[PDB]
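The chain below stands alone and is given as structure tokens, in the form solved without adenosine-5'-diphosphate.
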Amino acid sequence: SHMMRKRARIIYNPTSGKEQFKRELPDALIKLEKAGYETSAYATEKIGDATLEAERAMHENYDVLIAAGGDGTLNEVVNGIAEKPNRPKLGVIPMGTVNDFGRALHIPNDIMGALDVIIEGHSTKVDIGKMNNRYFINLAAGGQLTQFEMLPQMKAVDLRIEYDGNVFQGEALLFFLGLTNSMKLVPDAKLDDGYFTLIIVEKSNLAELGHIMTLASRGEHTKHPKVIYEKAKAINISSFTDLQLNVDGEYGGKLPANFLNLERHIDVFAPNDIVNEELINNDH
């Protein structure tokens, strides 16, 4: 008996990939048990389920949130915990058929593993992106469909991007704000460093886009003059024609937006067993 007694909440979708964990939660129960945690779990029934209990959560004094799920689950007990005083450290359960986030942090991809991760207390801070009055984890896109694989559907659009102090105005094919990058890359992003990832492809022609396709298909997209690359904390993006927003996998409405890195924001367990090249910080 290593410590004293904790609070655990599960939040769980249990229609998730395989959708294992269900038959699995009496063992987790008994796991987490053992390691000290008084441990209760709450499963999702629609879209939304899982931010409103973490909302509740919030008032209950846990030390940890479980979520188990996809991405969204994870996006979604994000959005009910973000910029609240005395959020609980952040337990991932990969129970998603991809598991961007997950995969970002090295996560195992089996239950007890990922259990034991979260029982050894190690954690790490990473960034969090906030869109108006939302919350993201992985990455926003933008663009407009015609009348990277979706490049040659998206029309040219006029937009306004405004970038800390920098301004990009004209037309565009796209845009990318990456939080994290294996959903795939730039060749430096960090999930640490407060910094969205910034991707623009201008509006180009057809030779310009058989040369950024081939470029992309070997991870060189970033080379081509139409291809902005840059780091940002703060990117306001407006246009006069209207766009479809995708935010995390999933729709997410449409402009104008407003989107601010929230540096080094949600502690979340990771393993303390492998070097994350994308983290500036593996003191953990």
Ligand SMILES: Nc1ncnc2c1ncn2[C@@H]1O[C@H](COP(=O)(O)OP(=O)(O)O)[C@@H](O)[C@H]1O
Given for the second form:
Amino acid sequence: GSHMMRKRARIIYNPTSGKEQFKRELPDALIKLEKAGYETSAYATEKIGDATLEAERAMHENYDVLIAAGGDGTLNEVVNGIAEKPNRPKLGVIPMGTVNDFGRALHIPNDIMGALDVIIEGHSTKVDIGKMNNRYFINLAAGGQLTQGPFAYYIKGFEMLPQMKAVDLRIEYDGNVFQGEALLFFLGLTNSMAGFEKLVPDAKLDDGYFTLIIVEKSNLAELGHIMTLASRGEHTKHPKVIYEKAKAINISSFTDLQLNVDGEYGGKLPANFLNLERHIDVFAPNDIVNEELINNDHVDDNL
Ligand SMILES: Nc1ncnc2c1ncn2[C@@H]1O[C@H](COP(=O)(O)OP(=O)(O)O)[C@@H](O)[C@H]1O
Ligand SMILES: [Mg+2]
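Cool, the form solved without adenosine-5'-diphosphate is there; where's the form deposited with adenosine-5'-diphosphate bound?
And the full complex, kicking off with our chain again.
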């Protein structure tokens, strides 16, 4: 009946997220969490950045869990508020977004009560996050320059590749240097988006390495070839597609580059990137072995 001492939960929700269903389900979500032993309060975002500001406040308020209810943008904002701070609360995910790339990476159920079941059962994993200069990200950073835009919206695999103009770049990654013309670079943490079921065949969410993709300057035949290979997940076999794993990545150019970070405009170069290994403790299903995780100790072998 009462298996644990009372805990504290804070729900940070975006009422405009996805189908905009969560707000009406909040009272029933509170009931479920309270019966499970969580004194639960809630905060509704009103604009960009609100979830970050709330997560920052919540750091001083001694919570056991921060539950983020919204899309990747809401999750990104919550992580940005708690990243690199001592005594971080565990993160609960309710994937209420239009796209839920981080949720899919952790096999978070796409229904509210199922997502809550995962949090209540209390099994958690640690995932890498990315630091870019003085901000953080959880899914992907992308960079490149348009010919003669899409860097403000969600990046759907290699679909923007024909739009890219070859630009001379310097990418320093773990002591190695790429110096030359590139159409595009990706720094992946998670491994699935719209255009790729797998950005890379062997990516891990908790290995401390970014998935570094550099697409070099390509002629029209190489472009068509890359696109053909990308459509069946064989893009990393092409000689103009560089794939490396790296922890620290420093990027610069004497020419202008637009940046996209977790599906939103992430400003301008130069950009220093650091993988914060297994930085965020996040509730995950105990009944699914995750192929993108090295550490599956959260999984019960009898399930
Ligand atoms: N009340 C609000 N009205 C409009 N925009 C908001 C509100 N609260 C948060 N936002 C912003 O909307 C963005 C999209 O939220 P997200 O949770 O990613 O949903 P979706 O998956 O639908 O994009 C967030 O990055 C956030 O900055
Ligand atoms: Mg990795």
